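Asks: Spelled out from the first residue to the last, the chains are:
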Amino acid sequence: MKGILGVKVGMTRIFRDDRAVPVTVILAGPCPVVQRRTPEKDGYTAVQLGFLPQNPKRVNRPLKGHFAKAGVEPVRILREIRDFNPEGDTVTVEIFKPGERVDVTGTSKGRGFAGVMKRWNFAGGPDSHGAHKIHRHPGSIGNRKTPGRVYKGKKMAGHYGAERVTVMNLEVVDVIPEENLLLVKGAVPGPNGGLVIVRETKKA
Amino acid sequence: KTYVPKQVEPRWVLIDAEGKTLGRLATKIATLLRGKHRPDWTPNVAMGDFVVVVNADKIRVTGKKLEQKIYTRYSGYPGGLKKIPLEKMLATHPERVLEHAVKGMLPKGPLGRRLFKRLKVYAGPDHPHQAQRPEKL
Amino acid sequence: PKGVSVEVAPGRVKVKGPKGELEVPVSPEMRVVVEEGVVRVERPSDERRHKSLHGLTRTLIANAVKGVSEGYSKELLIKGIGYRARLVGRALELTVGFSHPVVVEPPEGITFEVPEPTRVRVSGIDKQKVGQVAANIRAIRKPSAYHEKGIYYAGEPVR
RNA sequence: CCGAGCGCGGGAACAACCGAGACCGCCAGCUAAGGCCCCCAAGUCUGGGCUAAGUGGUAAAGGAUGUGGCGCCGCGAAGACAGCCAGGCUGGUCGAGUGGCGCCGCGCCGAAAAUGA
RNA sequence: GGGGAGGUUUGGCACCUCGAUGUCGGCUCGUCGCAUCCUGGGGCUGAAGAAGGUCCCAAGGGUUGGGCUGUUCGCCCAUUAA
RNA sequence: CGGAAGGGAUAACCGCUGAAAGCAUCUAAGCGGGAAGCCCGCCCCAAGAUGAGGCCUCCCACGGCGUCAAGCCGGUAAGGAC
Ligand SMILES: [Mg+2]
Ligand SMILES: [Mg+2]
Ligand SMILES: [Mg+2]
Ligand SMILES: [Mg+2]
Ligand SMILES: [Mg+2]
Ligand SMILES: [Mg+2]
Ligand SMILES: [Mg+2]
Ligand SMILES: [Mg+2]
Ligand SMILES: [Mg+2]
Ligand SMILES: [Mg+2]
Ligand SMILES: [Mg+2]
Ligand SMILES: [Mg+2]
Ligand SMILES: [Mg+2]
Ligand SMILES: [Mg+2]
Ligand SMILES: [Mg+2]
Ligand SMILES: [Mg+2]
Ligand SMILES: [Mg+2]
Ligand SMILES: [Mg+2]
Ligand SMILES: [Mg+2]
Ligand SMILES: [Mg+2]
Ligand SMILES: [Mg+2]
Ligand SMILES: [Mg+2]
Ligand SMILES: [Mg+2]
Ligand SMILES: [Mg+2]
Ligand SMILES: [Mg+2]
Ligand SMILES: [Mg+2]
Ligand SMILES: [Mg+2]
Ligand SMILES: [Mg+2]
Ligand SMILES: [Mg+2]
Ligand SMILES: [Mg+2]
Ligand SMILES: [Mg+2]
Ligand SMILES: [Mg+2]
Ligand SMILES: [Mg+2]
Ligand SMILES: [Mg+2]
Ligand SMILES: [Mg+2]
Ligand SMILES: [Mg+2]
Ligand SMILES: [Mg+2]
Ligand SMILES: [Mg+2]
Ligand SMILES: [Mg+2]
Ligand SMILES: [Mg+2]
Ligand SMILES: [Mg+2]
Ligand SMILES: [Mg+2]
Ligand SMILES: [Mg+2]
Ligand SMILES: [Mg+2]
Ligand SMILES: [Mg+2]
Ligand SMILES: [Mg+2]
Ligand SMILES: [Mg+2]
Ligand SMILES: [Mg+2]
Ligand SMILES: [Mg+2]
Ligand SMILES: [Mg+2]
Ligand SMILES: [Mg+2]
Ligand SMILES: [Mg+2]
Ligand SMILES: [Mg+2]
Ligand SMILES: [Mg+2]
Ligand SMILES: [Mg+2]
Ligand SMILES: [Mg+2]
Ligand SMILES: [Mg+2]
Ligand SMILES: [Mg+2]
Ligand SMILES: [Mg+2]
Ligand SMILES: [Mg+2]
Ligand SMILES: [Mg+2]
Ligand SMILES: [Mg+2]
Ligand SMILES: [Mg+2]
Ligand SMILES: [Mg+2]
Ligand SMILES: [Mg+2]
Ligand SMILES: [Mg+2]
Ligand SMILES: [Mg+2]
Ligand SMILES: [Mg+2]
Ligand SMILES: [Mg+2]
Ligand SMILES: [Mg+2]
Ligand SMILES: [Mg+2]
Ligand SMILES: [Mg+2]
Ligand SMILES: [Mg+2]
Ligand SMILES: [Mg+2]
Ligand SMILES: [Mg+2]
Ligand SMILES: [Mg+2]
Ligand SMILES: [Mg+2]
Numbered sequence: 001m002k003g004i005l006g007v008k009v010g011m012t013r014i015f016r017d018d019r020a021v022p023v024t025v026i027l028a029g030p031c032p033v034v035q036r037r038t039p040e041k042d043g044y045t046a047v048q049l050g051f052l053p054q055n056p057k058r059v060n061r062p063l064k065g066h067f068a069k070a071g072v073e074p075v076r077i078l079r080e081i082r083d084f085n086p087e088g089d090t091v092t093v094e095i096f097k098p099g100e101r102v103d104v105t106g107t108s109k110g111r112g113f114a115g116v117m118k119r120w121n122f123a124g125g126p127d128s129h130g131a132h133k134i135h136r137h138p139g140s141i142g143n144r145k146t147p148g149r150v151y152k153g154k155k156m157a158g159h160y161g162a163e164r165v166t167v168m169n170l171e172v173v174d175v176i177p178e179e180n181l182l183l184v185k186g187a188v189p190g191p192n193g194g195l196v197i198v199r200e201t202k203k204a
Numbered sequence: 002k003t004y005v006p007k008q009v010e011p012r013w014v015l016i017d018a019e020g021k022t023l024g025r026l027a028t029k030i031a032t033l034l035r036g037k038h039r040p041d042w043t044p045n046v047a048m049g050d051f052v053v054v055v056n057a058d059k060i061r062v063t064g065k066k067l068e069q070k071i072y073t074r075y076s077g078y079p080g081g082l083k084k085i086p087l088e089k090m091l092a093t094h095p096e097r098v099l100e101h102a103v104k105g106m107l108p109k110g111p112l113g114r115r116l117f118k119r120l121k122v123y124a125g126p127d128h129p130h131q132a133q134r135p136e137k138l
Numbered sequence: 012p013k014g015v016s017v018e019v020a021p022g023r024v025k026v027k028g029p030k031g032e033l034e035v036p037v038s039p040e041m042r043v044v045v046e047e048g049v050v051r052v053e054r055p056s057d058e059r060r061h062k063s064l065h066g067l068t069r070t071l072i073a074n075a076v077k078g079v080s081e082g083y084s085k086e087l088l089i090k091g092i093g094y095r096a097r098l099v100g101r102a103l104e105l106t107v108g109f110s111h112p113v114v115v116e117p118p119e120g121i122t123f124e125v126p127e128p129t130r131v132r133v134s135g136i137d138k139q140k141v142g143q144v145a146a147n148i149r150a151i152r153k154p155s156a157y158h159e160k161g162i163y164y165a166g167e168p169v170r
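Residue numbers (UniProt numbering), protein chains in the order written: chain P, 1 to 204; chain D, 2 to 138; chain C, 12 to 170.
Subject to a maximum C-alpha distance of 20 Å in a straight line, what follows is the list of computed SDA-like cross-link-like pairs (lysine to any residue): (1) P:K145 to D:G77; (2) P:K152 to D:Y78; (3) P:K154 to D:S76; (4) P:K154 to D:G77; (5) D:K84 to D:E96; (6) P:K152 to D:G81; (7) D:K109 to D:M48; (8) P:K152 to D:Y75; (9) P:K152 to D:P79; (10) P:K152 to D:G77; (11) P:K154 to D:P79; (12) P:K155 to P:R119; (13) P:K155 to D:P79; (14) P:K152 to D:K83; (15) D:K83 to P:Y151; (16) P:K154 to D:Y78; (17) P:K154 to D:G81.
The set of hints was computed from the structure by calculation and includes no laboratory data.
Take these sequences, add in the hints, and give me the full structure.
Replies: Structure below.
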């Protein structure tokens with residue numbers, strides 16, 4: 001179960017063999033293993049990968065010991081990757097061969113308190129014949145004396161976006177080890193700068 | 002004036018479960034769960050013995066029950082009526098089947114829940130080897 | 012029950028013979044007597060369900076015998092043109108009107124034989140096994156009720 | 001009977017169903033209907049049958065080798081029912097019952113509705 | 001000719017509500033039932049094949065756009081797996 | 001880019017062995033096959049799961065009243081807030 005952290009760097013299109021292809025560019029810098037957790041020590045298998053370098057002063061925390069426990073330059077972030085015990089001490093873009101399809105998790109863009117039309121792509125109301133009061137409203141929300149309440153999970157306006165979103169089966173295109181770059185099939189959650197993880201898909 | 006009890010040390014107990022009919026067992030477990038067996042009984046205070054059970058999966062049950070018996074878990078959401086047959090319970094967490102039987106026979110109040118804590122259940126056996134363990138049948 | 016080696020146990024009976032040994036789950040409330048070189052069995056009473064349990068084991072044991080004795084096997088005819096079957100080591104692949112050649116796995120204890128493209132015997136040590144496997148094949152292409160095709164046991168034609 | 005006893009007990013809850021007609025007090029006793037496995041007071045009480053449907057936990061015409069119990073009619077050790085051999089009921093083989101009707105007890109089907117059981 | 005289920009129709013009764021429980025359509029938002037329109041599974045066929053008939057199992061999801069009318073409904077155009 | 005694949009258990013239904021009832025029967029003991037449905041698998045939330053879970057790492061005695069016991073006042077550590 002391959003895995004690797006990275007940051008969305010941007011996206012433009014390249015030309016495959018003779019057709020254009022929109023691709024996103026991720027950057028999965030060398031991720032140092034920080035702790036392998038076995039079923040013995042914990043209860044599952046996984047690996048803690050660090051990421052960006054850090055001012056040793058900013059990491060005055062007890063994290064200093066956690067870093068020392070594995071003897072690694074203080075990273076900025078670190079997340080686990082389930083069922084995946086590698087080799088060596090660092091994973092790289094080398095893990096991914098062009099053609100392999102990956103799942104990319106990320107944090108969608110933050111839209112804050114968004115309207116129902118915005119959030120659930122509702123219909124709203126008529127712009128003309130009707131009252132100029134419900135142009136973008138949800139309209140009805142229930143029945144009468146029965147049930148006489150509102151179903152839990154009713155779609156309504158509210159804080160939306162800015163959450164964990166995973167897009168799947170993105171085919172890995174040309175991957176440049178020379179610079180730790182990694183091209184993908186374009187659509188990938190988050191803003192240009194967001195930490196994203198890249199895993200192995202489930203086609204079979 | 003009737004006797005006014007005072008602080009009493011928790012009497013633990015070890016109970017088997019092999020071959021024991023689900024309910025017939027749960028009854029006694031419940032009755033021992035509250036201090037309702039000891040003659041120094043007081044509903045107010047709640048001082049039932051810490052019952053600990055083992056070999057849950059072993060529990061017997063008469064007739065079409067593994068297949069018939071259905072358990073209801075209602076979530077707040079629509080159609081969340083999710084229902085599970087007895088066989089599935091023993092597959093997943095089997096300890097549940099005895100718990101959801103004892104829990105049902107304990108009183109409804111706040112101390113009734115405080116009693117459900119006194120009840121410990123596993124299938125192995127091998128309880129957390131504490132101290133007390135007075136076996137029983 | 013000649014030449015056999017039936018050995019009684021609590022809730023089961025281990026029968027041995029030339030073909031081998033095979034377990035046979037025996038009812039609880041039944042007496043598996045081993046009179047002489049042969050075997051008997053008797054029921055605790057004379058109730059409706061007990062009668063059923065007697066006759067069931069009465070035969071079910073006799074199968075454990077014959078099973079390790081002469082063994083079991085069922086034939087399989089194959090009608091229709093392209094319809095045929097080539098044995099391939101243990102397993103047998105048979106094209107029978109499908110774009111994909113049917114590869115049939117050989118379960119343990121069973122070893123079907125192919126004397127001819129049309130005929131196919133199924134060697135086995137267990138009536139339960141043999142019976143299923145036989146059907147498992149007829150299942151691959153039941154007898155077309157509008158003419159002769161697909162596999163047949165050895166019974167009448169569907170016409 | 002409620003009304004006027006929405007005062008008490010039971011019946012899950014509930015004017016009029018079952019018990020009962022509340023002058024006040026009691027950390028006394030016998031009961032009533034209804035109950036005595038746990039929530040819930042008192043029998044996991046005794047003895048004799050029935051029921052494998054959770055029936056019980058509450059639906060009909062009508063249907064069925066469900067299960068148990070009772071009575072009658074036809075064949076049968078002069079070999080019957082069933083299967084296997086032969087001929088088109090008869091023979092042989094085996095060898096102890098077999099086939100049809102009626103009644104009673106409990107039970108199966110018939111049995112699909114909307115927020116969670 | 002006979003037994004029933006449902007509580008969508010028309011209705012019977014007058015039980016809460018007349019010191020107020022806003023009525024038909026539409027829109028918006030749905031959600032539930034299954035007695036299933038489609039898709040999945042299956043039995044019988046007067047089932048050759050393809051197509052179809054009737055019955056059984058099964059809500060997961062799906063279930064178009066327009067002309068006419070205030071319409072619900074219905075008719076009609078063009079399509080659909082429906 | 002998604003609906004899956006896949007594993008498991010089932011519905012109607014198909015079947016193996018098989019008495020009760022010498023035969024016969026999918027069933028009464030037993031076993032196999034079988035759905036867009038059920039369980040799981042994917043994706044999101046999630047230890048107020050008060051039944052408050054696990055791991056890794058950092059800081060660590062008392063300085064004064066209550067005679068056991070539960071506490072109170074201040075300077076601090078790791079670390080946190082403004
Ligand atoms: Mg960190
Ligand atoms: Mg994770
Ligand atoms: Mg609009
Ligand atoms: Mg207006
Ligand atoms: Mg206005
Ligand atoms: Mg309500
Ligand atoms: Mg930018
Ligand atoms: Mg044991
Ligand atoms: Mg529902
Ligand atoms: Mg639904
Ligand atoms: Mg313990
Ligand atoms: Mg001990
Ligand atoms: Mg046959
Ligand atoms: Mg009067
Ligand atoms: Mg009066
Ligand atoms: Mg009252
Ligand atoms: Mg009353
Ligand atoms: Mg009254
Ligand atoms: Mg009264
Ligand atoms: Mg009376
Ligand atoms: Mg009077
Ligand atoms: Mg008396
Ligand atoms: Mg009683
Ligand atoms: Mg008794
Ligand atoms: Mg009825
Ligand atoms: Mg009747
Ligand atoms: Mg009929
Ligand atoms: Mg009929
Ligand atoms: Mg009986
Ligand atoms: Mg009868
Ligand atoms: Mg004769
Ligand atoms: Mg039914
Ligand atoms: Mg009628
Ligand atoms: Mg109505
Ligand atoms: Mg209504
Ligand atoms: Mg009406
Ligand atoms: Mg009147
Ligand atoms: Mg009014
Ligand atoms: Mg008012
Ligand atoms: Mg008002
Ligand atoms: Mg009106
Ligand atoms: Mg219209
Ligand atoms: Mg249906
Ligand atoms: Mg119909
Ligand atoms: Mg299709
Ligand atoms: Mg057919
Ligand atoms: Mg058909
Ligand atoms: Mg057809
Ligand atoms: Mg056809
Ligand atoms: Mg629908
Ligand atoms: Mg849904
Ligand atoms: Mg239309
Ligand atoms: Mg119009
Ligand atoms: Mg108009
Ligand atoms: Mg009209
Ligand atoms: Mg017209
Ligand atoms: Mg027209
Ligand atoms: Mg037309
Ligand atoms: Mg057309
Ligand atoms: Mg079938
Ligand atoms: Mg068929
Ligand atoms: Mg036979
Ligand atoms: Mg048969
Ligand atoms: Mg069975
Ligand atoms: Mg049957
Ligand atoms: Mg199966
Ligand atoms: Mg299966
Ligand atoms: Mg399926
Ligand atoms: Mg599921
Ligand atoms: Mg968490
Ligand atoms: Mg916590
Ligand atoms: Mg914690
Ligand atoms: Mg220090
Ligand atoms: Mg110090
Ligand atoms: Mg010091
Ligand atoms: Mg000192
Ligand atoms: Mg400080």
